[PDB]
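As a plain string of letters, each chain reads:
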Amino acid sequence: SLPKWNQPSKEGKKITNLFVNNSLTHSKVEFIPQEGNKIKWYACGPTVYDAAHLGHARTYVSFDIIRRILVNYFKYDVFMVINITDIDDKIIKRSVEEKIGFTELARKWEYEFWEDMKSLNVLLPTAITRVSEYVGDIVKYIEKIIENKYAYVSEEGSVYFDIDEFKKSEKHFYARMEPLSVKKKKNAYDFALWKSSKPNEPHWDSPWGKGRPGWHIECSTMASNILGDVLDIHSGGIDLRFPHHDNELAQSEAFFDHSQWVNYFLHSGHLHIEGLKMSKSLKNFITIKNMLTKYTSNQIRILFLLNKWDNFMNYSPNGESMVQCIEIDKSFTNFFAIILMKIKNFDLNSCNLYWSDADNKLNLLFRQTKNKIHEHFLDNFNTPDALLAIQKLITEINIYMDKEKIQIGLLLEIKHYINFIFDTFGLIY
Amino acid sequence: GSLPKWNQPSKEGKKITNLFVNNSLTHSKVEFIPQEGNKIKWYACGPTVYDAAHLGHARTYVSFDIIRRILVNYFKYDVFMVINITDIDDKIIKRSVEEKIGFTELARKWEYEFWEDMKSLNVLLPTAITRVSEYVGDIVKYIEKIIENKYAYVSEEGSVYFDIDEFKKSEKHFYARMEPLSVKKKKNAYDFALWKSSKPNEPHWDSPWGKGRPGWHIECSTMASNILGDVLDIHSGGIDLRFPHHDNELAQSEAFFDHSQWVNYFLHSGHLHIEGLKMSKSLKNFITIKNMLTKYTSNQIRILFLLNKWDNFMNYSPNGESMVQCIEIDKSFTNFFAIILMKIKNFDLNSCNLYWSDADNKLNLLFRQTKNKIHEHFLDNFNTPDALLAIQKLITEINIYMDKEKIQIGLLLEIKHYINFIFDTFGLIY
Ligand SMILES: Nc1ncnc2c1ncn2[C@@H]1O[C@H](COP(=O)(O)OP(=O)(O)O)[C@@H](O)[C@H]1O
Ligand SMILES: Nc1ncnc2c1ncn2[C@@H]1O[C@H](COP(=O)(O)OP(=O)(O)O)[C@@H](O)[C@H]1O
Ligand SMILES: Nc1ncnc2c1ncn2[C@@H]1O[C@H](COP(=O)(O)OP(=O)(O)O)[C@@H](O)[C@H]1O
Ligand SMILES: Nc1ncnc2c1ncn2[C@@H]1O[C@H](COP(=O)(O)OP(=O)(O)O)[C@@H](O)[C@H]1O
Ligand code: NA
Ligand code: NA
Ligand code: NA
Ligand code: NA
Ligand SMILES: [Zn+2]
Ligand SMILES: [Zn+2]
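Protein chains in written order, with the working numbering: chain V, 1 to 429; chain L, 430 to 859.
Hints were generated in silico from the structure; no laboratory data involved. No residue lacks a Cβ here, since even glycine has one placed at the ideal position from N, Cα and C. Accuracy of the hints is not assured; some may be wrong.
Computed Cβ-Cβ distance ranges for the label pairs, DEER-style [claimed, not checked]: (1) V:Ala-337 / L:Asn-436: 55 to 63 angstroms; (2) V:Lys-392 / L:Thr-723: 42 to 50 angstroms; (3) V:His-416 / L:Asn-744: 33 to 41 angstroms; (4) V:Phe-420 / L:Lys-548: 43 to 51 angstroms; (5) L:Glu-563 / V:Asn-398: 24 to 32 angstroms; (6) L:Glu-600 / V:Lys-344: 52 to 60 angstroms; (7) V:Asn-17 / L:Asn-436: 23 to 31 angstroms; (8) L:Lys-601 / V:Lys-330: 55 to 63 angstroms.
Not the full set, but computed from the structure, chain L residues with beta-carbon under 8 angstroms of chain V [unchecked claim]: (9) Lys-505; (10) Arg-537; (11) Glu-540; (12) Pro-555; (13) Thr-556; (14) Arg-560; (15) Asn-744; (16) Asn-779; (17) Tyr-784; (18) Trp-785; (19) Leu-795; (20) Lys-800; (21) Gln-837; (22) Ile-838; (23) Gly-839; (24) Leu-842.
Can you build the whole structure from these sequences, using the hints too?
See the structure below:
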């Protein structure tokens, strides 16, 4: 009566003892690759009909940070796919209102989305998969689900996922992550894989008649084609966990007729503003472009570094939440300023380099900080505590650079380590 | 009995990468295991600073710079590294009377030029730099402890000598662990000075045994022991130093702590030869680092060393013969970065098609496969020649892909970042 989860075997895998909050187990579990040190990762992308806002930035920056930790810090090999939903009810509606083609609208806002991601120093994925370029593959994917008897065709030419038939199989469970969230249909919970199109909507040919992909089928199709029958990581905001992500699991399990398409499903918490999710529907949003006319990429990234990725966060506007971010950014700027100059202007001809007790004490705190930050990253990507550890180290380095005769090589190594962590955070100084 | 034993560190609680390194203590490739956690305490012998450094010195310090970058940047070990400067030496004393400037001023001039040459070659400074002239008091205390443990004796002239026979007698000590077969005021001719009674007109320091100078080897045991302690994860130097210098360091340090294993992994770089002979100040066959740098770049010089396994000897053919290949490789890397940055800059998201094609998948497969080949090369005793070849082959295929295929912008960026990562590990700058 309750979904089971199979932890990957550790034999032959890279083992870091990283633990992650897995929505499939609703618990922190040890992260174990399916193969070697490889991570196949699919993340749901935006629906490109309007500008992106600070809530979208929170999800994509948080998972950018996680990806940098996985790759730059732990040395996993990440193969990442992000889709672009450039066919959608919202795009169609917006495009008639503005009297422009569906493709021209979608391409503009896809362009602005990637520009906003680049402005926030978010890395592009390995592959970008647009629905409009995968419609043929989606049709073939649906044909296989029908052939496995997990979907049916209505008279109008739609295709619906057959929840009851899927559940019946002992190898399949429907709504693995939110079990409790559950006329032409067998049962009302059945969802469309293929929607019969009105003659005035954009549409594509199919064995069942002119139509469009359903809301969820594109993500199973694209991830399955490129990454295959087992994903190490699948990610998105928490609102997508059900119906969207649970439905992806059902579609993909039905396609491959197996029991676990995704090993680790990661859900970022929502950014709220004045207690409510930042949302285009609520008209309480701040565009990323507007945010960047007031704050820098570094300051915005610090905002997200200070909030655990899988917890919700409150954003207080009019600069309230950003006060701390600006202070931290300023302290990092001034630290780098001093250490860079002290290194550049250091004179080996006239210095004394005896390794003193003050040098030893700073070095001990330095190596200790490396170990604290390691534990924070293993603890479900705990960037708030890792950032605080960096701040504490910087406080002591600043004292050391002011009074003690300075060990040039120790400061260079410290600068390189803090640079390494800031690269992992996505900060640029 | 009659053969030195070696104790591999326990793996429990340690970072385990399956890295194997050529250990001179075992004369074999053995798995590298830290003494503690992911930490590596590393001492490397430094230059004697009386004249300019040459290309042979560059090979040793660049090779161990590459190894350090692999350990830290690639494997994420935590390296605490110490390098000494021998600024008191018979050669410095003699050279300073010739040059008629104080011995301190001469030594500091050539130490400064050594570090400038290292920076020009993108060699990272160590955590600590230990000059003999700043450690004489500690050296005296170190010798006092060795005498107190009865492993050294004082001659009437005021010199102190290490007592090889007394040291060997102990069942926990073996003399010449790494080159066992290389073995009037002294008990036995193999005894070596820890403290030298001072000659007239030489610089000198006070001690309980009279005015003198450190012996040839005692500074490295003293400095490493003071900063790093009673067990070093790595000790390094050129192969010529393995005996007597490094074996004598082991004996001094074991005598000070009265234990059996001061160094877990002893790594020796091979010599750079020129026309069949070690590049050497004595043979007057040397090329200074500065003269090399007026003809070639840091990248080209580092590629020269990347092409030769760090612990094997290499031949250097002068007049540009060995550098022809290095210049070609450096040019192909410069050109690769030019091309890929142009393709990225000129990529247009509004007119492109981003379907993940068969050509995209084949390049990605080669990309991930290259990551695993390079991983195995680094685990195989820092095999940079084969790692560099793997990067060259990947670049050849990326160049083909950028010329004809519609390009996956994100895939090209990710590949560029990985090659950047490996090039940072090599010390190359593009
Ligand atoms: N940095 C890395 N690059 C490429 N592959 C890696 C890396 N780290 C680990 N692996 C791969 O992970 C697998 C197991 O990791 P490892 O820590 O070596 O455990 P094992 O003791 O099983 O070899 C191996 O197939 C290895 O190639
Ligand atoms: N306020 C918010 N806070 C955090 N993440 C959000 C917020 N709003 C949307 N997201 C996330 O941003 C991503 C893109 O959302 P959106 O552009 O609305 O398209 P869709 O959610 O339909 O894929 C999704 O993972 C979504 O969960
Ligand atoms: N990148 C790193 N930074 C700091 N410490 C590390 C790092 N990698 C490993 N360690 C430390 O090295 C030791 C080896 O841990 P590991 O073998 O990964 O897991 P386990 O603790 O099960 O042995 C641990 O004490 C760990 O704290
Ligand atoms: N031709 C050479 N090739 C490689 N390494 C060399 C060469 N000549 C000297 N070295 C190494 O350079 C380092 C510095 O040597 P040197 O300046 O002579 O002082 P010392 O021998 O006291 O270290 C040593 O590790 C030595 O083995
Ligand atoms: Na079932
Ligand atoms: Na939901
Ligand atoms: Na003995
Ligand atoms: Na020798
Ligand atoms: Zn999706
Ligand atoms: Zn030495």
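Outcome of the hint check:
Under the hint 55 to 63 angstroms, the C-beta atoms of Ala-337 of chain V and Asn-436 of chain L, about 47 angstroms apart, miss the expected range. In this structure the hint that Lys-392 of chain V and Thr-723 of chain L lie 42 to 50 angstroms apart at CB holds, the actual value being about 46 angstroms. The hinted window of 33 to 41 angstroms between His-416 of chain V and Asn-744 of chain L holds, with their beta carbons roughly 34 angstroms apart. Evaluation of the 43 to 51 angstroms hint for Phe-420 of chain V and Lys-548 of chain L yields a failure: the beta carbon distance comes to about 20 angstroms.
Range check, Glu-563 of chain L to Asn-398 of chain V: Cβ separation about 26 angstroms, and the 24 to 32 angstroms hint holds. The beta-carbon spacing between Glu-600 of chain L and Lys-344 of chain V, approximately 54 angstroms, falls within the hinted interval of 52 to 60 angstroms. For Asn-17 of chain V paired with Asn-436 of chain L, a C-beta distance near 27 angstroms keeps the hint of 23 to 31 angstroms intact. For the pair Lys-601 of chain L and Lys-330 of chain V, the beta carbons lie near 57 angstroms from each other, so the given range of 55 to 63 angstroms is met.
With a least beta-carbon distance of about 7 angstroms to chain V, the hint placing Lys-505 of chain L at the interface is held under the 8 angstroms criterion. Here the hint on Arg-537 of chain L is kept, as its CB sits about 6 angstroms from the closest CB of chain V, short of 8 angstroms. Satisfaction of the interface hint for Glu-540 of chain L is found here, the shortest Cβ-Cβ separation to chain V being roughly 7 angstroms, below the 8 angstroms cut-off. The closest approach between the C-beta of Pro-555 of chain L and any C-beta of chain V is roughly 5 angstroms, which is under the 8 angstroms cut-off, so the hint is satisfied.
Residue-level restraint check for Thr-556 of chain L holds (minimum Cβ-Cβ distance to chain V is 5 angstroms; threshold 8 angstroms). For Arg-560 of chain L, the interface hint holds, since its Cβ comes within 8 angstroms of a Cβ in chain V; the closest pair sits about 6 angstroms apart. Nearest Cβ of chain V to the Cβ of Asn-744 of chain L: about 33 angstroms, over the 8 angstroms cut. The hint is violated. A distance limit of 8 angstroms between C-beta atoms decides the matter here; for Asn-779 of chain L the minimum to chain V is near 5 angstroms, and the interface restraint holds.
The restraint placing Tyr-784 of chain L at the interface with chain V holds, with a minimum CB-CB distance near 5 angstroms, inside the 8 angstroms limit. Look at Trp-785 of chain L: its Cβ gets to within about 5 angstroms of chain V, closer than 8 angstroms, so that hint holds up. With a cut of 8 angstroms, the hint placing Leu-795 of chain L at the interface with chain V is violated, because the nearest CB-to-CB distance is about 13 angstroms. Checking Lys-800 of chain L against chain V by beta carbon gives a least distance of about 6 angstroms; that is within 8 angstroms, so the hint holds.
The interface hint given for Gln-837 of chain L is met, as the beta carbon of that residue sits about 6 angstroms from the closest beta carbon of chain V, less than 8 angstroms. Taking 8 angstroms as the C-beta cut-off, the interface hint given for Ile-838 of chain L holds, the closest approach to chain V being about 6 angstroms. Proximity of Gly-839 of chain L to chain V holds as hinted, the smallest CB-CB distance being about 4 angstroms (cut-off 8 angstroms). Annotation: interface hint on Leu-842 of chain L holds; nearest CB of chain V at approximately 6 angstroms, less than 8 angstroms.
Hint check: violations occur at hints 1, 4, 15 and 19; the rest are consistent with the structure.
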